[PDB]
Structures are given as C-alpha cells and as structure tokens.
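*Asks:* The lines below spell out each chain.
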Amino acid sequence: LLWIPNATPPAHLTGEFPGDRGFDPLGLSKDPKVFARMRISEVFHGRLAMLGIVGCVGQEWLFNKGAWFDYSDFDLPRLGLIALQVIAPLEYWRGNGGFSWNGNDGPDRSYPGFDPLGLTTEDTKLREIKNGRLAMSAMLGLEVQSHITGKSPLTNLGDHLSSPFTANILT
Amino acid sequence: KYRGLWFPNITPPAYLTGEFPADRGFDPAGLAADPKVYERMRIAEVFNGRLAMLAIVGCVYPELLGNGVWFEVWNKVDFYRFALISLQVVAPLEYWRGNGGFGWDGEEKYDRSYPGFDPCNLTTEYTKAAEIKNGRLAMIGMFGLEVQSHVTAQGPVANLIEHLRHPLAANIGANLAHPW
Amino acid sequence: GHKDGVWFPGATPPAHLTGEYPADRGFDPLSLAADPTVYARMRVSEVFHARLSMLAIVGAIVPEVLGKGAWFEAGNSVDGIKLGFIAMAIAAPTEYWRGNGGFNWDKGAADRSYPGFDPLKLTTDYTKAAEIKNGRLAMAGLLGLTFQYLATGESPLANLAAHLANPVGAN
Amino acid sequence: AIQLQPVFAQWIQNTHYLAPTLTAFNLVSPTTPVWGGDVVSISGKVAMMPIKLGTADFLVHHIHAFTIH
Ligand SMILES: CC1=C(C#C/C(C)=C/C=C/C(C)=C/C=C/C=C(C)/C=C/C=C(C)/C=C/[C@@]23O[C@]2(C)C[C@@H](O)CC3(C)C)C(C)(C)C[C@H](O)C1
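Chains as they are written, first to last, in the numbering used here: chain A, 54 to 224; chain B, 28 to 207; chain C, 81 to 251; chain D, 10 to 78.
Chain A on its own, in the form it takes in the complex:
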C-alpha cells in the first residue's frame, strides 16, 4: 500500500504502525523518537479535526446557528479564559500520562483505553487514522474556502451541486 505507484518506501517507515503508506518525502521522522511523537501528534490532530468538522457542518446544517466563521455573537476572551481553564488539567494529564509528578504510570498516552465496547484492534486504529486524515483535509478546505469564496461551506456545496462545471476551483 503506497501513496503513488511505486515510490520506494522510505526506510524510517517500514510498515508496523497503522496508517503507513510510505509517504514522508521530507524525512521528518528519520529518528525513532521523533517518529513516536509524530505518531501521537497525527492521531491527536486527527481526532480534533474530526470533532471540528462535525462541529462546523453540524452547527450550520443541523442546528441552524449560521456559518462557522461568524464570531461577533460571543465574547472571545471570556470563552478563551473558560476554555483554557477547563482544558489545562486535561491536556496536562494527557501529556503527563497520569496524575503523579513523575507520572508515566497507568495507560498509553495515545490509546488510554476508553473503550466500553472493547473494539480496539489494529484495523480500527487504521480506520481512525484514515478518517482523521480525511477530516484534517476537510478542515483545511473549510479554512481556505472561507477565505476564497467568502461564504458558508454548505453554500459552497450548494454552488457546486447546482452547477459543477461553472462553480468549482476556478471560481
């Protein structure tokens, strides 16, 4: 499984860890420990992006709140202060690995074991990674689309669906 026809798998990535399709052209994960951190960061960027994309489409589609780039409604420093106070111990404990000062105890800091239904395997890890990459792509799309089309992403989908050959990337 490769990202283009036969680009020779770069030797830092062999194919043990899920989501390997032999990419890494810049060789950013040439060292094993930086690869380890990159893996954490990939899955975490993924999971946030998936919440984010559901967030932005859901608020405009399902809850009729309006476009996601409208921020004039609420006071941003207040939400920021609240959000940072709430997120601080949770993002410390995640990075830490637990609650102790020397804390590297207990669970894994990428897969901490919050599965009631017991559905964690290599395949589901791959599925998580693949949906994460798609969501990251989508979230980048939303930002760039917001700055080029100047209107809501569902409005963008409306314009492509109405007339795809006239309304596309060469707007």
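One or more hints might be untrue.
[Said to hold, decoys possible] Selected chain B positions facing chain C (Cβ under 10 Å, derived; list incomplete):
1. 52
2. 57
3. 58
4. 66
5. 70
Since the hints were derived computationally from the structure, they do not count as laboratory data. In this text, a Cβ means the ideal position worked out from N, Cα and C, and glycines have one as well.
Chains B, C and D with the ligand: place on chain A using the hints.
*Replies:* Using the frame of chain A, we list chains B, C and D with the ligand on its own:
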C-alpha cells in the same frame, strides 16, 4: 477480591487492597496512607454521605411541593433560632455517636459507623457498598445544587425543568458564557 | 534530627518527617505527607506556592506605594478578562515545560523544583530553607490581605496605619 | 382540586408543536393541530383542533394502562 478501578489502566495504591466496601483504588492525594486516619476517613465518608443523602431529598422535595426553594428559606425562617434549637437537639445525639454509647468511658462498645439500627437484617458487605455509592452520588449532587444556586439563581427543580424545556438555551455553556 | 526546632514547644515530630528535607519543623497533624511519593510532590508544590506568593504580596503592595490604588481596585485599571486570557495563554507552554522537565515528549529528568538558574552560585541548604521560610510568611501574608479586606474594606497599608495609631482598638 | 397533571404528555405535545422550528426545520407546519396551534375548520365545522390533557386525561389513561396489563 476482584474490584474495578476509577480510571482505566491505573494501578491502585498498595494500602487500598479492596478490604473495605466501595474501594476502587482511588487515593491519588495519599490522604489515607496511615491506617488510623483511614479508619476515621471511612467513618467520615459514610457520615458525610448519609447527611448529603438527607440533604438532597430535603432540598428537592419541599420545592416539588411548592413550599419554597432551599436557598431562599431564610427570609421566611429565622436562621439563628433554627440553628440554636437544632444544636440543642443534635448535641447529645452527636455526642453519643462519637462517644460510642451513653457511658463516660464508652462502656457499651457500639460501632459508630454501623450501629444495629436495622430491623430487617439487611446488612451485608454489599449493601455497605450501595450505601457508600449512593452517598457519593448525593455528595456530588449537593455540590451541584450549591454551584447551580450561585450561577443560575433558580431552584434545582426549576433548573431541571429549564434544561428539559430548552436544552440548548439552559445548560452550563450558555449560563457561563454570560456574566452570571 | 531537628537542629532547628519544632512548631510547638514540646512536640514530637511525625514518623514520616525526619529532618532530612529543608525547612522541616515536624508539622503534619493531619498526616497528609505519610506517603513518601506524595511528600516528594508536596515539597515541590509548597516551594512553588511560596515563590508565587512572594511575587504576589510584592505586587499587591509595591503598586499601592506608588499611588495606583489597592489590589482590589486593579480591576478598574486593567481589562480583567483580557489579561487573564493572556496570562493563561502564556502559562500553558511554560507550566507544561516546568512539569515535563523539558521540551521533549518523554520527560527530561531535570530537577523541576530547583532547575539550575543560578549565575551567582548561591544554592545552599540555608538558602533552600530560607526560600520556604520567606515563602510561608508571604502565604500567611496573602491569607491576611484577603481576610483583612473582608473584615475591613480599606487598603492593606491603611490597616497598618490604623494599628500603629490604634494598638488597643485595632482588632 | 387535588390536581394530577399529565406532565410528560404535555411535554411531548409541546415539543411536537415546536418541531417545525428546529428539529424538523424543512417542515412548514406541524403534523397535526392536536399538538397545538389554531383550529382547522372547513365551512363552519371543526376538522381538527388542539386536544389538551389534564386530570381527567390522566385518570382515563391510567385506567387504560390497567386494563391492558
Ligand atoms: C506527513 C508529511 C507531510 C505532510 C502533511 C500534511 C498534508 C499536513 C496537513 C495538516 C493539516 C491539514 C492539519 C489539520 C488539522 C486541523 C485541526 C486539528 C483543526 C481543528 C479545529 C477545531 C478543533 C475547530 C474548532 C471550531 O470550528 C469549531 C468547531 C466551530 C467554530 O465556530 C470555532 C472553531 C474554529 C474553534 C509533508 C510535510 C508534506 C512531508 C513530510 O515528509 C510528511
């Protein structure tokens, strides 16, 4: 003695073995590492819990009956008389609870956590765990009531009914986004 | 092992406190430091609470001396929410780095209480025991400033100006 | 007198009446007048109109639950 833990893959403290009801390996702040304190903590946990269970029914039920809200009771009721008369009534009862009996030296050695006031012989090491868990739930609840009292300034049944009627316009997010 | 004495005339030190760590005066009636791993953490927290209190009791007084109002009038002179947001946004990396003992994912194993910032080489046992001593004052002081403002309602320095001209009739 | 109000069914009725504004957004009017609103009347005669529930509705409903059980 298999027992569950409060957080997935953690390891329990070594002084929490499961020897006592409703142990879930939860003492990160190490407040029960010494055994004699763990004895008192155990009595305190059951007693704070029992009082929170009484409190939370006491707070909810007169508001359900339309007799008033629990944190507004002190404009119809004088606090200082209530608290004087209550401490007069409670004092010999609390005394005897801590004492272990009526005698000056304890004498009639009773359990000060689990006396025998049980006519149905229902006491097991399971019902003990149920009493603890219901109590912990009520303590968390009474914390909720107090914070909700300050933030929303309405009663708890009113707070529930508001969430049910307008779940998006009456929740912690919306109530803390505004000055409150 | 207590050369420098104890908190109460004839008191026995607790069993976990054996005069080994700085500024131990054998004071733990609630036995919060019985577990050693917890006491290791407790030590760092006390020193940090101490170092934060000393910058705070200065910051509550030294502005007032230069005629800027008291500490409870600082809300008039700044935008309270906004500075609170930038404080939380700047504390987030630096507190994480303090806790992690470095910048890398897999911890650092630097002393996270006493990191090594000392170009004057004053790091001695006396100074460690004076950090905590001056610290315990400043915490007690800050506990005063709050309770003085709740019982009175004038400025901190005004309460001192009262007590010299009103020894009997201060309380 | 001593009221027994069917508060769950009232809650459900209200939610069904407000549905066209959030939870069934692309719908114009609610599914029926029963949930609330105005009287539909063809010529003089009433086609449909809101059906309100109170103590009497509570007792009959619990009689129904009894006889089915
Ligand atoms: C792998 C590799 C390479 C690469 C790469 C690539 C393509 C990287 C791409 C990265 C990418 C594309 C990362 C996106 C993340 C998006 C996130 C986390 C956003 C969350 C956003 C959230 C949490 C949104 C929140 C909100 O929206 C909500 C819900 C409502 C709004 O009202 C308010 C806000 C906005 C707050 C190289 C460099 C090419 C060579 C190397 O060799 C190997």
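*Asks:* Give a verdict on every hint.
*Replies:* Comparing the hints with the structure gives:
no.: 1; hint: 52; result: violated, 14 Å
no.: 2; hint: 57; result: holds, 4 Å
no.: 3; hint: 58; result: holds, 6 Å
no.: 4; hint: 66; result: violated, 12 Å
no.: 5; hint: 70; result: violated, 16 Å
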